[PDB]
Structure formats: structure tokens, C-alpha cells
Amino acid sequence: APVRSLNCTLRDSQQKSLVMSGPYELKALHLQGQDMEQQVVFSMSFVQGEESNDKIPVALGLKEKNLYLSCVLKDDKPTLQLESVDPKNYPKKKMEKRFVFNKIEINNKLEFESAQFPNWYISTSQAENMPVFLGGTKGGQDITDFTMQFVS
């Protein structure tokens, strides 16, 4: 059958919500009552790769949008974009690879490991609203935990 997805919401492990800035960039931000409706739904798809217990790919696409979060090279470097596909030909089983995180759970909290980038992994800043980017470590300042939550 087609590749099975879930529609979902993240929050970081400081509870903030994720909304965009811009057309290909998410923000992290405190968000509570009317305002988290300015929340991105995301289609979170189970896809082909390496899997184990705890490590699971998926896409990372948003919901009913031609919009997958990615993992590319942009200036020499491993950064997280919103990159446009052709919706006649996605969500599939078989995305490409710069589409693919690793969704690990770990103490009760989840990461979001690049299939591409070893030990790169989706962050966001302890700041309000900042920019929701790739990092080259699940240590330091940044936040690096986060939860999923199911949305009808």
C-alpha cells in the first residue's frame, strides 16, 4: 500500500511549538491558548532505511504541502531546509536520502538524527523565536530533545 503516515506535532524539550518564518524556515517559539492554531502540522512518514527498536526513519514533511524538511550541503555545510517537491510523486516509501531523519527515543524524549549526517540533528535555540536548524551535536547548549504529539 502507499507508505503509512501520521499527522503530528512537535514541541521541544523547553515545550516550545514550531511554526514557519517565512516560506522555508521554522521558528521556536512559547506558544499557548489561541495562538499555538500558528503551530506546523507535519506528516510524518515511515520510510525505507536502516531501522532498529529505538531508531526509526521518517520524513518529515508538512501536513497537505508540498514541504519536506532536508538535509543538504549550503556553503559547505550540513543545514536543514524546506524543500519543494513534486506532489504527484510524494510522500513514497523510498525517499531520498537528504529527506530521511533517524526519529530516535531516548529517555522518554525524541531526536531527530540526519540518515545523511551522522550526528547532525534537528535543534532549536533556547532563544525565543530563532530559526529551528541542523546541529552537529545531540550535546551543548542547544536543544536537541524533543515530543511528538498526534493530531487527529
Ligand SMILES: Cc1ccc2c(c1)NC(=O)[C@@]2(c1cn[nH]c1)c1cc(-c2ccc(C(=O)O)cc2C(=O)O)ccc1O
Second form
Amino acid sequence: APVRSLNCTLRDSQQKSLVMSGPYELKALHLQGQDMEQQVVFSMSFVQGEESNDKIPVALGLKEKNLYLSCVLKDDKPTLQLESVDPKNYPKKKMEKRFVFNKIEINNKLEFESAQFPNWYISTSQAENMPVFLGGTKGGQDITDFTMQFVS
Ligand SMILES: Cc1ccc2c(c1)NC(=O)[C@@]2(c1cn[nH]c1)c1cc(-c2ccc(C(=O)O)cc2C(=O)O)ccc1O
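Can you return the structure of this protein in the form solved in complex with the ligand rather than the form solved without the ligand?
Every component of the complex follows; first up is the chain already shown.
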């Protein structure tokens, strides 16, 4: 089955934009209007024909597909990383499981659950300029829902 890609930006439910913070990390903060160009453009890839399903596996690439968001164990704990890939072979028709998230649309917002680590989600802190991380709790102070804005 063929793969479809969309370019987009992500904002958490409290309107914090996502930006790079060096080569290995994303941070979330409320950006000023003139700094809006700092927000990361993602290439969200998924399999064509699943638009009506409740859970849609997605891969999130960035840097013109040079990096992908990846879920790996670090110190025996699910961790979000930015993994380097050869952009020529991406996105794959069969993406490696560590790059896959179930995109679930709840109350008009988006939630990204790790396919490799169930009940672990892409998360942000309430505080400004803190790293984007994989979190195991929902409903607490950590934010697990986002809105998406299409670039192309
Ligand atoms: C671009 C793109 C994204 C995502 C995928 C592809 C390409 N190609 C795929 O095959 C892909 C897919 C299958 N259906 N739709 C897309 C896929 C799905 C899973 C997956 C997701 C959720 C769960 C769960 O437990 O909820 C289990 C698994 C698993 O299969 O272990 C793992 C690897 C994988 O690559």
C-alpha cells in the first residue's frame, strides 16, 4: 500500500510551538510573531486510504526527511529521540516500528501514541522552553494533545 506525506506544523493545546534545540531535541514555547519562522516543519507520512479510521499510524520526519521522531528505551524507560536517516529511502512503505505513532483525533485535537510503547505519548510541559518528551500519563499537568497546521 502506497504512502502519502503532508507538510505541517504542530502546536500543543496551550498554543506552544515546536522548535529545534540543537541536533537532538525539540522544545516547546509560545513564539513571538516575528520568530514564527523558527517552528519545525514536519513531513507527516501515513498509508493512503486510512482517512476514515480512528487510529492512523503516522511517521514524523523533519529537516527535509533527514531526521525522524523515534521511540527508544533509554535507562529502561520509553524515550523520544531525533534519529538520523538517509533521506533517499524515506518515507518507507514499511516504516520501522520505532518511528510510528498512532495519530488519534480526540475533541478536534491530535494525540500521538507510540506504537512501540503503548500508553506513551508525545508530550510537552506546561512551562516554557522545555523539551518535547514521551510521557506515560494523561490528564495531569503534562500536555499530550496538539493541533496541526498544513504548510503544503
Ligand atoms: C509512513 C508509514 C507509517 C506507518 C506504517 C507504514 C508507513 N507502513 C506500515 O506498515 C505502517 C502501517 C500499517 N498500517 N498503516 C500503517 C506501520 C504500522 C505499525 C504499527 C502501528 C501501530 C500498532 C499498534 O499496536 O497500534 C502496531 C504496528 C505494527 O505493525 O507492529 C508499525 C510499523 C509500520 O511500518
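Positions refer to the first chain, counted from 1. Superpose the two forms; the largest set of C-alphas matching within 1.5 Å is the rigid core.
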With the core superposed between the two forms, a CA shift of at least 2 Å among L69, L110, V47, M44 belongs only to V47
